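Student: Next come the chains, spelled out residue by residue.
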Amino acid sequence: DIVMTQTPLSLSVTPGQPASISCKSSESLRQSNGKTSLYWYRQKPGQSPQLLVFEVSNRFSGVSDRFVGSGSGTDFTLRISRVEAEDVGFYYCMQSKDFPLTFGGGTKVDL
Amino acid sequence: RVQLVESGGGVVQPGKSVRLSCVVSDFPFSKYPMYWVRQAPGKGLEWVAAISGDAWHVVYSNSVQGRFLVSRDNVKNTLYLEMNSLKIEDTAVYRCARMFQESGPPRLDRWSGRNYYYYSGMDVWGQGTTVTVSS
Amino acid sequence: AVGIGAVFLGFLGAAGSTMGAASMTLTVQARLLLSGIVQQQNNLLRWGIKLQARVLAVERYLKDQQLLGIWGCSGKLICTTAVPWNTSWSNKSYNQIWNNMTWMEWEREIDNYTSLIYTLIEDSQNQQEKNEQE
Amino acid sequence: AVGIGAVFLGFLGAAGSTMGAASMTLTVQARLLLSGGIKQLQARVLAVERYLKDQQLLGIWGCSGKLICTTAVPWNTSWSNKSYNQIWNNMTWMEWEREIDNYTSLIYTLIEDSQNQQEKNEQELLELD
Amino acid sequence: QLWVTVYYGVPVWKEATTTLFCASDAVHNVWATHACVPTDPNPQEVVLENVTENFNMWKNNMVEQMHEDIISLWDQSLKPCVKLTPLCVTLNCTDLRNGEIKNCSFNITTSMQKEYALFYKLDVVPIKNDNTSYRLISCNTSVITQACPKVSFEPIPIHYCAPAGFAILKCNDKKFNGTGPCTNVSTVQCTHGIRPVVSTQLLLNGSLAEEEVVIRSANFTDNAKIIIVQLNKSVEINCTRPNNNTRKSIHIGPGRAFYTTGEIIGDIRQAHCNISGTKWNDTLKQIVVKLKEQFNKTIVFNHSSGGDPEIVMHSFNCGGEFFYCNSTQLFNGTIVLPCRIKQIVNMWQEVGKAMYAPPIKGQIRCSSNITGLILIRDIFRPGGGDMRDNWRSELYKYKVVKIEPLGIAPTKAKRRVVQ
Amino acid sequence: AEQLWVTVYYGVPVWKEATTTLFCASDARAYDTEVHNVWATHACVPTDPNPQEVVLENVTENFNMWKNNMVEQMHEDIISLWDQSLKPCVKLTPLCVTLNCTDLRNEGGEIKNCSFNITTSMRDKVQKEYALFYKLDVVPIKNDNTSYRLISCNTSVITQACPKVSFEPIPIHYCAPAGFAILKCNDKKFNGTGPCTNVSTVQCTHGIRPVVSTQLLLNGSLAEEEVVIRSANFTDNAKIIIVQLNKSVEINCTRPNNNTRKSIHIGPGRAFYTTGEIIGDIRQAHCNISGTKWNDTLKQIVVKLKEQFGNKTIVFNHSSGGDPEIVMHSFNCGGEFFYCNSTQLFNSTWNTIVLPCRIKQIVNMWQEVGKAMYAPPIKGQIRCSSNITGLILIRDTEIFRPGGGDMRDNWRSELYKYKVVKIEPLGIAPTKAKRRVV
Ligand SMILES: *[C@@H]1O[C@H](CO[C@@H]2O[C@@H](C)[C@@H](O)[C@@H](O)[C@@H]2O)[C@@H](O[C@@H]2O[C@H](CO)[C@@H](O[C@@H]3O[C@H](CO[C@H]4O[C@H](CO[C@@H]5O[C@H](CO)[C@@H](O[C@@H]6O[C@H](CO)[C@H](O)[C@H](O)[C@H]6O)[C@H](O)[C@H]5NC(C)=O)[C@@H](O)[C@H](O)[C@@H]4O[C@@H]4O[C@H](CO)[C@@H](O[C@@H]5O[C@H](CO)[C@H](O)[C@H](O)[C@H]5O)[C@H](O)[C@H]4NC(C)=O)[C@@H](O)[C@H](O[C@H]4O[C@H](CO)[C@@H](O)[C@H](O)[C@@H]4O)[C@@H]3O)[C@H](O)[C@H]2NC(C)=O)[C@H](O)[C@H]1NC(C)=O
Ligand SMILES: *[C@@H]1O[C@H](CO[C@@H]2O[C@@H](C)[C@@H](O)[C@@H](O)[C@@H]2O)[C@@H](O[C@@H]2O[C@H](CO)[C@@H](O[C@@H]3O[C@H](CO[C@H]4O[C@H](CO)[C@@H](O)[C@H](O)[C@@H]4O[C@@H]4O[C@H](CO)[C@@H](O)[C@H](O)[C@H]4NC(C)=O)[C@@H](O)[C@H](O[C@H]4O[C@H](CO)[C@@H](O)[C@H](O)[C@@H]4O[C@@H]4O[C@H](CO)[C@@H](O[C@@H]5O[C@H](CO)[C@H](O)[C@H](O)[C@H]5O)[C@H](O)[C@H]4NC(C)=O)[C@@H]3O)[C@H](O)[C@H]2NC(C)=O)[C@H](O)[C@H]1NC(C)=O
Ligand SMILES: *[C@@H]1O[C@H](CO)[C@@H](O[C@@H]2O[C@H](CO)[C@@H](O[C@@H]3O[C@H](CO[C@H]4O[C@H](CO)[C@@H](O)[C@H](O)[C@@H]4O)[C@@H](O)[C@H](O[C@H]4O[C@H](CO)[C@@H](O)[C@H](O)[C@@H]4O)[C@@H]3O)[C@H](O)[C@H]2NC(C)=O)[C@H](O)[C@H]1NC(C)=O
Ligand SMILES: *[C@@H]1O[C@H](CO)[C@@H](O[C@@H]2O[C@H](CO)[C@@H](O[C@@H]3O[C@H](CO)[C@@H](O)[C@H](O)[C@@H]3O)[C@H](O)[C@H]2NC(C)=O)[C@H](O)[C@H]1NC(C)=O
Ligand SMILES: *[C@@H]1O[C@H](CO)[C@@H](O[C@@H]2O[C@H](CO)[C@@H](O)[C@H](O)[C@H]2NC(C)=O)[C@H](O)[C@H]1NC(C)=O
Ligand SMILES: *[C@@H]1O[C@H](CO)[C@@H](O[C@@H]2O[C@H](CO)[C@@H](O)[C@H](O)[C@H]2NC(C)=O)[C@H](O)[C@H]1NC(C)=O
Ligand SMILES: *[C@@H]1O[C@H](CO)[C@@H](O[C@@H]2O[C@H](CO)[C@@H](O)[C@H](O)[C@H]2NC(C)=O)[C@H](O)[C@H]1NC(C)=O
Ligand SMILES: *[C@@H]1O[C@H](CO[C@@H]2O[C@@H](C)[C@@H](O)[C@@H](O)[C@@H]2O)[C@@H](O)[C@H](O)[C@H]1NC(C)=O
Ligand SMILES: *[C@@H]1O[C@H](CO)[C@@H](O)[C@H](O)[C@H]1NC(C)=O
Ligand SMILES: *[C@@H]1O[C@H](CO)[C@@H](O)[C@H](O)[C@H]1NC(C)=O
Ligand SMILES: *[C@@H]1O[C@H](CO)[C@@H](O)[C@H](O)[C@H]1NC(C)=O
Ligand SMILES: *[C@@H]1O[C@H](CO)[C@@H](O)[C@H](O)[C@H]1NC(C)=O
Ligand SMILES: *[C@@H]1O[C@H](CO)[C@@H](O)[C@H](O)[C@H]1NC(C)=O
Ligand SMILES: *[C@@H]1O[C@H](CO)[C@@H](O)[C@H](O)[C@H]1NC(C)=O
Ligand SMILES: *[C@@H]1O[C@H](CO)[C@@H](O)[C@H](O)[C@H]1NC(C)=O
Ligand SMILES: *[C@@H]1O[C@H](CO)[C@@H](O)[C@H](O)[C@H]1NC(C)=O
Ligand SMILES: *[C@@H]1O[C@H](CO)[C@@H](O)[C@H](O)[C@H]1NC(C)=O
Ligand SMILES: *[C@@H]1O[C@H](CO)[C@@H](O)[C@H](O)[C@H]1NC(C)=O
Ligand SMILES: *[C@@H]1O[C@H](CO)[C@@H](O)[C@H](O)[C@H]1NC(C)=O
Ligand SMILES: *[C@@H]1O[C@H](CO)[C@@H](O)[C@H](O)[C@H]1NC(C)=O
Ligand SMILES: *[C@@H]1O[C@H](CO)[C@@H](O)[C@H](O)[C@H]1NC(C)=O
Ligand SMILES: *[C@@H]1O[C@H](CO)[C@@H](O)[C@H](O)[C@H]1NC(C)=O
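Chains as they are written, first to last, in the entry's author numbering: chain L, 1 to 27, 27A to 27E, 28 to 106; chain H, 1 to 135; chain F, 512 to 557, 571 to 574, 576 to 659; chain D, 512 to 547, 572 to 664; chain E, 33 to 58, 65 to 136, 152 to 165, 170 to 309, 312 to 322, 322A, 323 to 353, 356 to 392, 412 to 457, 467 to 507; chain C, 31 to 136, 150 to 309, 312 to 322, 322A, 323 to 354, 356 to 396, 413 to 457, 465 to 506.
Treat the hints with care, since some could be wrong.
Dumping the calculated SDA-like pairs for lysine to any residue here, alpha-carbon to alpha-carbon at most 20 Å [unchecked claim]:
no., chain 1, residue 1, chain 2, residue 2
1, C, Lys46, D, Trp631
2, E, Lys207, C, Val200
3, C, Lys500, D, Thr529
4, E, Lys343, E, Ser274
5, C, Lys121, E, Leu122
6, C, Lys46, D, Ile635
Treat the hints as calculated values from the structure; they're not laboratory data.
Build out the structure end to end from the sequences listed, making use of the hints.
Tutor: Rendered as structure tokens:
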């Protein structure tokens, strides 16, 4: 039902860059418990997806200290400082307010 | 580590029915919801199905209602999806997914008299498995 | 979050049932009369009016528990009596109403006679049985 | 110019003890639950409105006026993997009400509509003889 | 025989007039928490099977509830705000250079002369032989108070929930006019989102019917009740304020400053409104289908006006700023509307109690939906002014009932004698 | 095996954390007969408690001195006790008048008495006057030769306080309403957070004198014979250093100027007062600390400041930043307000002092910007001995400076033990028994 968008997806990079991609949704997805449903994933090509950010400005454990997302209400952004060489792949935005679950195109990243 | 392994892959013709399999590692699995996601061969991603840790409630997307069947067996630690009446355009790569948290039992609303299961995002997939419908 | 359908007949749920059928939801109606679900999640940050509505709801509650206390029927939900019926109230017989009619309509047959029932239950059931104690 | 030691028990005095030792102590937590510039009055109603609710739920269960009572609702071993004598001899109450916190709503519905609702339609129709 | 068994907990109800409590979703808005309780977790619904119940939206009190609350919840943030008595002097007001904005001059309102101000045309009034001089329009009537600048104005998606012993009912039939019984009934803990939107002649940011249009009135075989029409397919409106404004707070009286307008950067241009001329034409023809039911076939075309500038114009809010739009030209693809911005208003048409708007610097533009219209026949001509019927546009379903728990019925069970 | 059935229990001693309303329960002696004690509001609740206490000895409750709600309910209530008392007193709006102020015969201070025309309650004719005005409340205005104006005219209103009332900080005992048990940690090694050992249960909290002071804490309450210092992260730089020292440091501060009574013009039934004459010779007010013990004190502090990193580089530094109201040390003394210079108190260390005090009259409310109370003193000189049981520092060779912008942190030092929990008395458990069914 509820859908969402991204930025222009292909974004070539610079080592040590403030990389940021928004994901504006068609709803304020704040649940009843005050937990904002937002899930940032990533896959390198040829791999499964992999979790980066499980809630707004909450990095997932076991993943490095360079991934600081944000957002509120409709728009939600994922800011990455210190862009490295292990950043190649797609970025999957995700809703979790209500079924069905949606995603995006997956923002292409190369050098 | 929770090492979800996925299997049962098969490439067939349309009008048929196949079944996948998803097995876990080091993992209690009785209190965990599962999912199924779809990487069409050039597309981004789209959710398919969802199940409880109770295996009592199963929600789908609009499309595959009347086609699919999700069923857990926490004794086996193995998830089944018998995909009846395949389409050709549903050729993709299917996965399974442990939920991010551990879910709990339902909490019954005292007023409505109406249960509420809780479903959140996923964090750990399997390696992928292949189902292809062609001729 | 999802939710399957009710299998326990929530608030006001059996209002269309017959009088022999809606009796299974008597517990749900009684519980949620008092305060409902608790609102006012401790947010006292910034009146008078508010708390008069809170005090009345207790007085509505304590009216009835005392009245069931005089009627020898505190704690229960369904209790019998020694009072026979007087058909001048309504002569409508047993299955004419019981397996035929809801509760909103049975109240609209006995509303004129309401206070007349209450003295008779007071006297001939507990003011009577006070003279059987000895 | 006064003072002597403890005689009977204290308020919340059994709240680190076992269940088998706290079960003989319930009256002290039962008495002082109710007695104890508008903002005193807003407390003097919430203390009432919490007391009636706990009084009301005992009333529905056929268990009003008793401190303890039993029902016929069967305990479901899915609710507790704890052994029996661990519960009555090792676990405190404060720990115990973190363990069955989730199941509590299922319990209260499965007392009234399960039994004490059903123990009245069965009860009323044991007449006619 | 028949013995009278007591029944406690039977679900019946009277109808009661009582007090509800507001619950608003969730800085320093007057509707945020200083009027209501914080955020709504979840609204509920139980739909009931075999139940009939009458309804009325004109014998309703929830619609009287807001008119007895928004008159005072708006008033709560008007006691501590700054009253402005000493401005009421001789107002030598001459035209602004590049005359609906007048540069004024007056002796000082100091804490210890010949000061300056400039503001809108419709708040002055002419006086005797020393011409090009003015006075305020409410001095010899009553007091006038500016708003506090730290005050929000946004209508909030409120939720009337229901207190103890009181259930809110809700009919659900699609074929439901303003009155009469209903069959598909349902009980909720709490209402849906309602926003307190103030409007004349129309219905801004309201709610949509189920892909239809249905007018509603009670005595429509009179001119008594206002025929109120809900609209499917909201028409988008655009309204601007292109004049890049500046402000300042010149000193008022002993130890206070008065927020007025500075210079208008950018030359004088009229603030107006837009509407796509295609959508409005088809939308009226939807209604005349339903007018035919209570009567090429477009017998009705005519507009009328007259009286109060609150009623003659089209009054509403935009960004914390009141508008007053001409609507004769619109009734009978963009459409420019001559729309006036008054600054001294009357809050709910009460005699005396006046409120002064904050002059906002910069530029203002807002957009909105439209879900309904206001009409009076004798053919249909747009009314306006009655604030209560804005509230009846939302609460045309709901009802407040008081739970009677207790009942009796005879049976063939007698109390056994205690031994 | 056997069948088990659920068994209901009532009065089960459990709790969850809750946030409820506590109520004032003050002293109740000598509140009558002109004692309009604004803290007591005529003895708020006259209990005079008997603070009993029950040890529990098998209970561990994970406390937190930083996420506590009781300190939040004070800072609501204290300005709320001001606001009802700030209402009926005299408003001072019509006084912001241009002045002509000359030098006063026996430094920057009381040099200027002033004069201005005013017509408050008669509303017929203005009249010039004479007053007594310090610095820290006047401004030499522009385009005029020696003309003054009060510093806070064009803020919100400048209502004073009435002379009936007294700001005397009597100790207030917070008691708990029904269904709530205030708990208290019984370990004096309690570092501020984490668990405790054998938490007890009191009806009502101990002595809390709600005094008001920046940069120190005067009539406080002190721990046992070690010095304990707590903070939030205690590694982070922009936190607050709460200091609890094991002994008291006695302070004397006096106002030698023989200020007197006075008669300034009347509002509508509202006599306003502006400080009457000095006796004829001016001595500037000063605090007067026994500087040996203070010198003894700060070497005792770095004993317990140290043991979290190395054994090197401890110093002490004075404060900085802004106007002197946040620089100089602020405290009250018996219906009178002091801003004292405390730069001398903070010389560095390694591993009878007189301080120049300054007094103003137009005094801001403590945290809100806007309104501001006001009080001219009573006749005679002023003396108040006091104590010190703590001070407030900041981090910045590792630099310690006296910070402070919130006396909630003072109340955090007073309420570092307490926690209010609601009883959930109803509870269930299974056993073999079963209701008799026929
Ligand atoms: C204790 O307790 C318990 C209880 O409790 C519980 O728990 C808790 C914790 C909580 O949770 C609470 O709440 C709860 O309650 C108890 O136990 C119990 O018991 C009972 C008895 O009675 C039971 O019941 C049962 O159930 C079942 C189920 O049901 C469901 O399902 C169905 C179907 O089935 C399925 O099928 C499929 C196909 O075949 C399958 O698959 C398969 O599988 C295999 C393996 O398994 C493999 O895998 C293969 O391959 C595959 O293929 C599956 O599996 C199955 N499942 C199962 C489980 O089995 C159906 O039919 C039904 O109906 C149901 O369904 C459901 O429904 C719902 C509705 O109703 C739905 O929902 C929905 O959804 C949608 C979406 O989709 C929406 O959302 C809506 O809204 C909603 O509503 C869902 O979906 C569905 N699902 C499905 C899946 O389907 C049943 O079946 C049964 O029945 C049977 O039996 C009987 C006996 O008598 C008979 O009679 C009949 O006939 C039949 O046969 C029963 O009923 C339960 O379950 C339980 N529970 C648990 C265990 O938990 C105990 O007892 C106690 N204890 C003591 C001592 O007391
Ligand atoms: C009663 O019901 C409640 C729930 O009731 C509902 O909610 C309450 C509020 C009421 O409203 C009620 O009415 C509702 O119905 C049940 O609570 C559930 O309890 C379980 C377990 O106790 C929780 O599940 C855990 O979640 C952890 C994460 O969530 C916590 O942390 C979040 C942020 O940190 C926080 O936002 C969450 O709120 C949550 O915090 C919890 O909050 C609840 C609130 O009540 C507290 O009670 C909890 O105490 C608190 N949590 C804690 C820990 O204090 C998961 O981390 C955790 O999973 C990990 O641990 C298990 C243990 O065996 C492992 O097996 C897992 O595998 C997992 O370890 C992870 O493994 C992966 C695999 O490698 C690692 O990934 C990384 O992968 C990389 C590659 O991709 C690299 O390889 C890298 O090296 C590697 O690190 C992870 O790092 C690793 N994790 C860590 C930390 O290292 C577990 O799933 C539920 O969250 C909680 N429910 C809810 C809704 O919160 C309660 O059980 C029930 N009781 C009964 C008796 O029925
Ligand atoms: C930290 O704690 C200490 C003590 O615990 C406080 O010190 C006391 O503070 C109070 C408040 O100022 C002092 O009380 C004042 O004492 C003055 C001296 O009175 C003497 O003379 C009378 C004559 O009978 C004796 O009975 C009395 O015992 C004294 O010997 C009084 O004159 C003051 O009264 C004034 O106010 C009333 C109010 O209406 C007027 O009507 C009077 O006319 C008069 O002007 C006042 O009562 C007390 O003396 C202090 N004790 C000391 C210094 O040892 C500290 O104040 C506290 N710290 C802080 C920061 O407050
Ligand atoms: C009808 O509803 C619409 C919303 O769909 C209203 O549009 C809203 O208008 C307000 C101002 O009028 C916008 O408010 C915002 O305020 C903040 C203050 O910090 C400011 O930063 C923003 O730039 C903006 O001004 C609000 O964004 C806007 N909503 C949307 C979605 O754009 C409209 O005002 C309502 N009209 C009536 C008559 O009720
Ligand atoms: C607190 O805990 C201690 C044990 O940790 C309890 O002490 C036991 O008391 C029973 C009663 O006589 C004795 O049989 C045990 O031998 C005691 N334990 C030990 C180790 O000696 C104590 O009773 C608890 N407090 C309360 C109030 O119950
Ligand atoms: C009464 O009206 C309500 C409102 O439309 C109906 O409830 C909806 O039923 C549809 C079924 O197509 C569900 O998809 C919706 O989820 C229901 N609404 C809600 C809020 O859940 C109901 O079916 C109608 N009942 C009758 C007897 O006409
Ligand atoms: C643990 O409990 C003991 C008592 O069981 C506490 O000792 C009390 O300490 C206060 C503090 O001065 C005394 O006034 C009491 O008289 C002591 N009790 C008795 C029975 O003498 C002790 O403080 C608690 N905490 C720790 C850390 O031991
Ligand atoms: C109040 O107004 C002040 C301006 O007043 C004039 O400027 C200062 C420098 C003095 O010369 C004064 O005597 C003059 O009358 C502002 O400086 C001040 O910020 C204002 N206070 C507010 C807005 O709270
Ligand atoms: C009740 O029955 C009596 C006869 O026992 C009769 O006289 C009386 O009229 C009846 N009550 C009413 C209200 O008619
Ligand atoms: C509802 O709106 C559609 C377009 O939004 C319009 O075509 C239709 O006429 C409307 N419904 C009715 C019943 O008029
Ligand atoms: C509204 O509809 C009901 C039937 O649904 C009808 O009886 C009543 O007369 C109608 N009222 C109006 C004003 O059209
Ligand atoms: C509408 O008003 C006319 C005016 O007399 C009246 O005759 C008619 O009865 C009214 N209609 C209804 C339904 O009351
Ligand atoms: C109002 O503006 C929007 C864009 O903000 C535009 O899509 C719409 O066509 C406009 N409506 C008019 C001019 O009626
Ligand atoms: C169609 O034409 C006009 C429309 O203006 C009007 O007279 C009426 O609606 C129709 N005329 C007929 C049917 O003669
Ligand atoms: C102020 O007065 C003094 C003495 O009357 C004079 O020396 C000085 O120049 C004056 N300053 C002015 C007028 O600015
Ligand atoms: C206090 O001691 C406990 C003991 O484990 C520790 O966890 C906590 O971090 C300490 N707090 C401080 C501020 O040192
Ligand atoms: C304390 O020091 C700094 C400042 O916050 C931070 O890097 C460190 O993680 C903090 N430690 C905590 C919060 O435990
Ligand atoms: C304060 O004055 C008292 C009274 O003599 C004295 O005992 C004490 O030592 C003084 N403290 C100083 C001077 O620091
Ligand atoms: C505590 O006080 C005693 C004397 O009362 C003193 O010897 C000791 O040094 C003090 N503790 C610290 C840490 O300074
Ligand atoms: C102490 O700090 C002050 C500033 O607060 C600084 O000027 C002074 O040099 C410092 N002294 C030492 C010894 O660090
Ligand atoms: C203040 O201190 C000075 C010098 O230390 C001393 O002469 C004077 O007597 C003291 N006064 C008081 C009141 O302590
Ligand atoms: C202040 O310190 C002295 C030092 O012995 C002490 O005797 C006195 O009790 C303290 N004051 C208070 C109010 O405790």
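Student: Is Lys500(C) within 20 Å of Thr529(D), Cα to Cα?
Tutor: 18 Å, holds
Student: If you draw a straight line from the CA of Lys343(E) to the CA of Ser274(E), is it 20 Å or shorter?
Tutor: 19 Å, holds
Student: Given the hint that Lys46(C) pairs with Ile635(D), does the C-alpha gap stay at or below 20 Å?
Tutor: 14 Å, holds
Student: Would you check the hint for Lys207(E) and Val200(C), treating anything up to 20 Å between C-alpha atoms as holding?
Tutor: 18 Å, holds
Student: Just to be careful, I want the Cα atoms of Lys121(C) and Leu122(E) compared with a cutoff of 20 Å; is the pair within it?
Tutor: Within the cut-off at roughly 18 Å; holds.
Student: For the pair supplied as a hint, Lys46(C) and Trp631(D), confirm whether the alpha-carbon distance does not exceed 20 Å.
Tutor: 12 Å, holds
When the structure is compared with the earlier hints, no violation turns up for any of them.
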